[PDB]
Amino acid sequence: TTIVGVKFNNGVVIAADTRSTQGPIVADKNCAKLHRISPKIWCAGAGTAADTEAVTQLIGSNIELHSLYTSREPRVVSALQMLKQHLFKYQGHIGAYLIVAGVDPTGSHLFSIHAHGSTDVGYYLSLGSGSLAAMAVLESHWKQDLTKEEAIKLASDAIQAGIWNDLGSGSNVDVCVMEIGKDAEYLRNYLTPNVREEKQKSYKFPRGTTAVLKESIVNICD
Amino acid sequence: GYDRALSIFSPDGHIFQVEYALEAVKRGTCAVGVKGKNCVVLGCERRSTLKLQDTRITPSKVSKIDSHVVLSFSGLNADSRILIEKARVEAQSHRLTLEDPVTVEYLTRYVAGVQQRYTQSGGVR
Amino acid sequence: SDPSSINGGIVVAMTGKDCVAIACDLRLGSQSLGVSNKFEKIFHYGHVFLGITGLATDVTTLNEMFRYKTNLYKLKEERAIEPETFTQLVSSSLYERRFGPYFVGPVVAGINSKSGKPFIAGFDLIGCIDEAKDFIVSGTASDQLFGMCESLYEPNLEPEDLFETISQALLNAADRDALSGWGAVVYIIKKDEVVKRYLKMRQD
Amino acid sequence: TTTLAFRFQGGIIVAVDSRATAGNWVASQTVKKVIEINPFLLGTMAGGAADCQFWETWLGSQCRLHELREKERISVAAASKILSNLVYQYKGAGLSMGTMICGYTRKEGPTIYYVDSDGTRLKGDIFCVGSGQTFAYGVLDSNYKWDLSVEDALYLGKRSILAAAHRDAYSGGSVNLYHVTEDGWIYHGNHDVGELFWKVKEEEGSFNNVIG
Amino acid sequence: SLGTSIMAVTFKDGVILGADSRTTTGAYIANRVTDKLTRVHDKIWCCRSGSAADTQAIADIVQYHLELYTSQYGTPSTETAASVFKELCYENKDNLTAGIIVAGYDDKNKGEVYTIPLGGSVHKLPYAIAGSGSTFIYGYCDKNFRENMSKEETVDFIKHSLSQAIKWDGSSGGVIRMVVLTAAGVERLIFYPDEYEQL
Amino acid sequence: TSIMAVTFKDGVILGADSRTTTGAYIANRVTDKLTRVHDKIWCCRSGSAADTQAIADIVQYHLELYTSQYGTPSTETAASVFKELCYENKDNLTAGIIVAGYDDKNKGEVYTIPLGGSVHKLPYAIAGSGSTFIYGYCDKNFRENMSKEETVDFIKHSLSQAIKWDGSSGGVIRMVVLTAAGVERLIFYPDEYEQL
Amino acid sequence: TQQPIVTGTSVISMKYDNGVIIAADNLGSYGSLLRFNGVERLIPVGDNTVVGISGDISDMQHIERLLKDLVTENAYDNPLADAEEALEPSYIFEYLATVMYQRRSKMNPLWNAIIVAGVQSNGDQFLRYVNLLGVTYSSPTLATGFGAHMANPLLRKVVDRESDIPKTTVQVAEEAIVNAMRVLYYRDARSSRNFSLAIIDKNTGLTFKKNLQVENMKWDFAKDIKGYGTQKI
Amino acid sequence: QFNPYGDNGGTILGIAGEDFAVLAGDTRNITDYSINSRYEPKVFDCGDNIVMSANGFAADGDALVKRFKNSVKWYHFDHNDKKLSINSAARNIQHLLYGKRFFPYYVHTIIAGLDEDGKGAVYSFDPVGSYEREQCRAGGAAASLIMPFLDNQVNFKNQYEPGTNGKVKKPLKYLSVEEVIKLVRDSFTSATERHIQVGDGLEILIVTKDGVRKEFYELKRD
Amino acid sequence: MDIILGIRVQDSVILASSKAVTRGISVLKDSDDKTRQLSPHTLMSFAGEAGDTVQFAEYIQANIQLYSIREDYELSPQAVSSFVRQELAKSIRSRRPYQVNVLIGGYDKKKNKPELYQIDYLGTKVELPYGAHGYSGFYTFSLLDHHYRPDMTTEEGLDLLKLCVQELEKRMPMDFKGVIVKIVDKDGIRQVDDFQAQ
Amino acid sequence: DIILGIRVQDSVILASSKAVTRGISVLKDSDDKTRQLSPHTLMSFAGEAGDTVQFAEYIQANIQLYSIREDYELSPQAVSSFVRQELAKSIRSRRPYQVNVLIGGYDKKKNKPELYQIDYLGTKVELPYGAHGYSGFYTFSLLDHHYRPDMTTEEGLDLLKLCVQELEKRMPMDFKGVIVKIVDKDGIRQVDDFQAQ
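Residue numbers (PDB author numbering), protein chains in the order written: chain W, 1 to 222; chain D, 3 to 127; chain X, -7 to 196; chain L, 1 to 212; chain V, -2 to 196; chain H, 1 to 196; chain N, -7 to 225; chain M, -8 to 213; chain Y, 0 to 197; chain K, 1 to 197.
Don't take each hint at face value.
[What the hints assert, rightly or not] Reference listing, derived: stretches of chain Y covered by chain K, where coverage requires no fewer than 3 residues with Cβ under 8 Å from a Cβ of chain K:
| id | region |
| --- | --- |
| 1 | 22 to 32 |
| 2 | 166 to 174 |
[Said to hold, decoys possible] Cβ-to-Cβ under 8 Å is the rule here; a few derived chain N residues that face chain H:
| id | residue |
| --- | --- |
| 3 | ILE(-3) |
| 4 | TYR22 |
| 5 | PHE28 |
| 6 | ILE49 |
| 7 | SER50 |
| 8 | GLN53 |
Quick caveat, the hints were computed from the structure, so don't treat them as lab data.
From the three backbone atoms N, C-alpha and C, an ideal C-beta is built for every residue, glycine too.
Could you put the whole structure together from the sequences, leaning on the hints where they help?
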């Protein structure tokens, strides 16, 4: 997959492709790699999809429960610590490489997490199959004090690098903008440059084409 | 190493060495073979000179290649031995890869083939 | 041997107008050797349908499990479980064995009784969900089924068309897989009724 | 694969399947597993398609040179032995083959020689080779008879490759069937197993447990 | 993992920690601006090398210990802090890849430096060097380290020793960070490439 | 081992330690790692002594003949023959040779031949297990066109540190100075170099 | 069967309206040790071809010696060695590709990824890749090892397809390359700041640049980065 | 250790018309998750009205093609400019492949052209030279995704006459170059979607009694 | 492995089960009965790993006998298999897996039908007309598929087995010392003691 | 596969299994694992697939060559000396022939029967009775007991049959019985009736 996070002057924005592979075969041509942990703490994940979804969701719960217990808006450093201490506790056997981001009472925040439990802090980040293609764009384009609009571009252009140049990534782009003032806006399929061209033929069949041996009504209601 | 052309064409179209080889045959002890209706016989002159031979062991002119084929000859004795040995081997080999003994022609074609080879190869007479 | 390739078989599921279809072959192998032409891989818990490919013992065990779970669900909640909710149960149940997973490739199909909208979903052995809107494949002939489903499918088919499609999709794929075949069954699922049809194919 | 070859009053019968697999993925179902060595000799394919196809074609070349030289058809024994001695020369080199070299000559009648890459060479009356061989051997053994009519025997053969195709995942597409006579082999066509299957169940009553 | 180029040097007024900025995974530089200087307590810091996952998880757990200790026995010695690191590194030799340098400032002891290599052993020292890039500056450091240095001198000594490690070690690179620890609080420095390369 | 070759204003100096170990056992503690292949072309060798000695033995032969028919060989031609052996036999050699020689035209030249069989021509070259510790020091301290006595001290101090850290290095510090004047051999014992 | 020792990281290149560009850092790494700093990995041959070489340096040095011998050998009994019978990229590339595949086929490969870049006599841009395995391929952009993953993504944003070649100017192209070199320098632990760059133009001829450096880097932001998550100072 | 084989993954297809034949192949050549070219022809005209593709490990395929073409050149030089029978061509390739039986050319190869009656022909081969005449055959990375479709849409397999009960197979009616090219594009566009090594482009070489002609169609570039 | 065969005819279920037990090089016993009676109208043939094989069968039998007495009732030949499968399912992700294969031949007195179930060591249950474990099916199934008829008389069943056993004796290398045959019907379980030269 | 041999008063008896098993299928229940080297010398053999016959036939051919060249029959002793000598070469060969043989012969000069056992390493030893592989393990116990050097051919055939019953009873492989051959002063002939005795 291909994920990134980009800080901007009043918040943080993250994006991701939508290709889901298994071996060389594309299983899902449009899945979201973007995962809500709390309303303002979204998480982009690469690696084993069951592990990214599960560990994201598990912490999300514990954060919600905790947020209710404390009567305070959850923090991105809270989700960060809970994730690393879990992943690390597993020595890597949970295939989740995450880019956690959000806004909370202390500000906007952007971190990366690795399967083994390590964390990094940065202004621009990327993970996965496409990482390098994306990071090449990021290195070439990021500048300090980007506008929200500028970062939405930079972010999205970095995912594209991944879509095209990387075979582990493709289809469309998802984005989520966490602004400090406002609600988190989750722009799903914010870009869909890969649309299948109309086929060269309907393959609909004449009815009766298939040889049937026996038919029956199955019962559902009791 | 040594490959000089010993068997070659002389101006009138003859290969002198081969002819001179036949001359050796001309001086060989008369060998003869005639075919019957259901048999074949081979006769062989042996010089009358020495009443002092040991006839049990002195190599005999008729030789078996296999259990069903024999070879008689005339010319240089020592050369014959070399043709026989090569023949008996080809016989045992033909059985080993065809599971059936050689036809008299096949064996012959083989031996004659070897003879031919010494007329057209370097370093050999 | 890879346990997901021992027994063999496939499952496929699609969506058309106000309906969903779900098919499977009938083979049960012990690798090379054909063992049973009557191993259906499609089960139902109320109006929600589950197809499971992979290791035979695990398929049987999972059906037994989801029957058990969905029964206790119906008693507590006083209503049949829906596809959206079940797909979650499936996922949670599988991930609960993250480190000794059932070697399976399940598929969910059905119509939500309130929303009335058609729904399908698939997942790897560890419950990572794929909720594609068009179709879902699984089995020793996944490769082949993607090939068929991608060329043959078109949105909003009417049941008897969807039938013809998912049948032709399954059939030709099962026929390029050594470990599938030996019969096939197709369910056409709708708001009111469900129709199970058996197909006539090669047996080799 | 399933390949078989038996000997009877009529001569020899050879029957095989068509399937070729690469993992579980079926690659082809139109493979000639009977090799037309020459007008009077057939060989079967099992092990390495290339190994068999390539070396048995080279066997026809070798048989041709024999006849061109000895002015007389090669014996089934001599043709088989030739392939066998070649193969042995490559023992433990990677080669893979299980084949039946079949012929009908005057001197030796109908003859079948089994030859594998291990070097092994065996003369016999009935052989089966491939993953599906145990299925074929079941039909044959119980029903084999030297007094079979060419018509019954072909059926018997085609029937055995059917039994095998059915169970064996790695067997079946169609059955290529041959009848080997002294004047030569005669090709008795191709019989798609999908179609043949049902026909036979309806006629024979067999495959009772299969629905349809 | 941090692979790394790190050092801690005691001088007249206290001690300075220094480190490169690069963390690699293979040949790709995962993060070129890593803060390898980690704070376990106001004036007791460490520099990390070997598995990030591990070194972090450790620094984190030591901090926690030093925080609870602080709450009930007042402030801890750089020694007490080093001890806690080692107890973790030694008691888990089988599952850790961490080489940590511990540096701190007591008013009584001024600068102190404890190195904790792979085994889990402890060695108190005037200065210490560690990480992938330290093999290349053993020669240089030892020849130029001098005890009771000026702060200005100690910063030069680190800036030079590290510039060399960065030069030769591919696993080390980036900016050069330093943390200063004296009675006058905690100072944080940084030197960019355009500067340290030119030495 | 710790070995190096430094060029200066008058020519070039090679230096080595004297320790050859097999495991943690010091087999010989007075090894002469300064190996001459021609009057004024010498080499420092590291890796299997067997292989380096067999290569030096051969190179020596190659230059001896060269000299008999084409006169004095260049310091480059020497290194060429070394690479030719090391590179074309990379699969069975564990030799890391440094070549150094005084020429009259170019004065001192230094060519290092690492494991690859690749050749690199440098102002100075350090190699051998101990060299890794002195990369730092030597880079900060080396200067083009030093004097002799300065260059001797550079080596002595550098190999002094190498020895101090590398267990596989030690013994005495040998030097061989190559200039017009001729070849002058040097030796420095521990008590002397150990405390600098 | 072998294994590389002293090695050279990435080699990058693209084509533009008239000719082609190619670049390569001057570093000979020995594992993690950035051992040799003055290594030229661009090898010009004739006034119309430059050969970029990553991978093993000893095996690179062997190819250098091989390439000069093609010149000197093509020059033999050839009165037109500086004209119609000059070595050409097409030719140089076929010679190497040959050697390379014969070596892998002998299980003794020349441990490199090579990029042949230049201009044909009729002005056409030549740019093709070969590696230790004898694999060969062509494209508007070509890079080895790391540069494949980082340079191409950026260079393909400039010449995404065949129809962008006439539209790219030497100044736009060269800018793109120099940008990519800095990216590899930011993110390729085996990279050097110094590099050589080369231009083969049908009009301007062969232009070779040594001793370049990565300038205009962005490191200022590093000071705001502190800790690894929860640390504030 | 040095591993001499590689995998540039591509996907080819050959279809034999009644009086024509097509050999198609994607354009994209690769290495792991990275793209080497979006345009690297893999189907080549080799003379005497024959087309060839040697898909798998590019270095081996090109080396195999180079030899076969040179083989063709020399057939003329040795047999008085005689044309190479598609069938003779096939036998000649078996020998080239089998020649390397113990260090195999790691490529699944396909040739296409016309038989000796102007009838359309396609031959298919192993990596070590086992060959068969074929009606239609796909090769490479995406072949699993193409052949089951082609059984259905060319030999109308599993299809019966509507309302017949499934008692009569659909008629085997025969297709044209324009109807075929439709199927090829559909196959490839379909495969492009579900295989990460298939994309960029499609180049089809078509052989008829009038010679060799070719068509190109783009493919999604993700 | 040893020969485990099963065949469900009209009125009954016949189970064949080889008599040879081999340990390495010598054939230790030429008269073994690889079967356990679980319940009056339910028999279980078994084959696999040494020791596990019996431990399992005796263990199953015990639980059925215990069930039978607790509810003074005989479990359905289906129920019994569903239980037996569950026990093999557990064994699979177990510390040390039982490696035992089985056939359940029963006569369901309620439905007045004979039933045959084959369950491998993995807990892979399938209910058949004729079943077999291991390589046994490789020789025999070609024959059963051809000649088997759901309406066969028990004697037709025994004849079909005889033909199956012969092929096993002809083409199979291991000499399994003949088979023990038993019939499970509405009247109970009994052993055909005359399967020698029938 | 079973290779047995026993030397009695005026003959040598060889027993050799008729089964040929490849895979899980017994391809043949009729194979005669022997070759007649010479009119009064017979050789049974057992071992690796092709090698087994390729070796047997090679020897035979060679002995047939020696016979013709000299118009004489080599003693059974000389033949076994030659045979060992070949197998001895095989062991340090690139690829060894893995064949075990038995050589039963009647020495026409000395008028005694002789039985030689040679394993693939070229280990020749001359015995009253012998076997290769595990055949020794089940039979030897009985041969040690009953064997008499003065036995008649009939007495030999009985002790042999008894050894065959032991193998049949306690050996886990069905070898489809043996083919018995007798070498005596009148040459070699086959006991075509050993199914019942």
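Structure-based check of each hint:
| no. | hint | result |
| --- | --- | --- |
| 1 | 22 to 32 | holds (count 4) |
| 2 | 166 to 174 | holds (count 7) |
| 3 | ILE(-3) | holds, 4 Å |
| 4 | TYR22 | holds, 7 Å |
| 5 | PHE28 | holds, 5 Å |
| 6 | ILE49 | holds, 5 Å |
| 7 | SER50 | holds, 3 Å |
| 8 | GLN53 | holds, 6 Å |
Every hint, counting from the list given before, is met by this structure.
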